[PDB]
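We begin with a single chain expressed as structure tokens, specifically the form deposited without the named molecule.
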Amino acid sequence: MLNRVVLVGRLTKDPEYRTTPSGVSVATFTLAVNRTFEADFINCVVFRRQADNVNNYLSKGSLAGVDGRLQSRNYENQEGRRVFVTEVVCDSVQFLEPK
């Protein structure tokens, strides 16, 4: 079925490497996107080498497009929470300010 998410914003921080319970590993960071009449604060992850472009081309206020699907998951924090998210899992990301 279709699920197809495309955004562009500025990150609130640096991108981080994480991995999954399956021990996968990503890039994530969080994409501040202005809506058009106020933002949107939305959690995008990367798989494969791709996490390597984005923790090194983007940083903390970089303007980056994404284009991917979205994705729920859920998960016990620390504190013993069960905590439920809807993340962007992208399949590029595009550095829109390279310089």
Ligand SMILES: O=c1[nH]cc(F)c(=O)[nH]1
The other form holds:
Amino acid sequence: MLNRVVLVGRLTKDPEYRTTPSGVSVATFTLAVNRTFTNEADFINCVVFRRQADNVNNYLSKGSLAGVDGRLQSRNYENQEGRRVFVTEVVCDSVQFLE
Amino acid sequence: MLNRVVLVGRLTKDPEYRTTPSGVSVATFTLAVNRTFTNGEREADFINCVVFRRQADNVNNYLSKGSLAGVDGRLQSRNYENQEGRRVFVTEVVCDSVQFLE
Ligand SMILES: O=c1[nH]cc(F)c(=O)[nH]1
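Switching from the form deposited without the named molecule: structure of the form solved in complex with the named molecule?
Below is the entire complex, every chain and molecule, led by the chain shown above.
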């Protein structure tokens, strides 16, 4: 079914590397996406698969402007405090490096 | 900045329909959005949506568990403390429009 999300925002921190529970490598970063209206940003976790993870970790850093096109994915997991965390993330088909 | 979400899916439950403390209609539901790829089995994503005003009224009046719907909106994050004292991070789709597809 149709699942498409597009964002332009600035990274809140330097991107990271991580391995999925199944051992697949990804890059992760958080995008601060300023709203168009007035009463503020939204903070959206993004996930890049395969070698695109290397472009993300080398070209972007905290404050970099980026654009993402991808799909929204839900998952959940138990954190270290033994707590069930529910997340909705953008799994990126492409990341555009705007600056 | 650019922030756009489009989804087609089916409601996992009857929408929840209420009037906020500002006086606006509010509707919430979870859209089960099937993935295009397959594992052979095909998995789904479960996206929390919220709609306000006339679109909320329409959602309550026409959508029910299992209904096919299309949403066009924006992705919003927020924070809250639960009664256990834990910070909970919320990501949901705030719908500008809902399309009824059945
Ligand atoms: O962050 C993630 N994105 C997609 C996945 F399939 C997963 O396991 N973890």
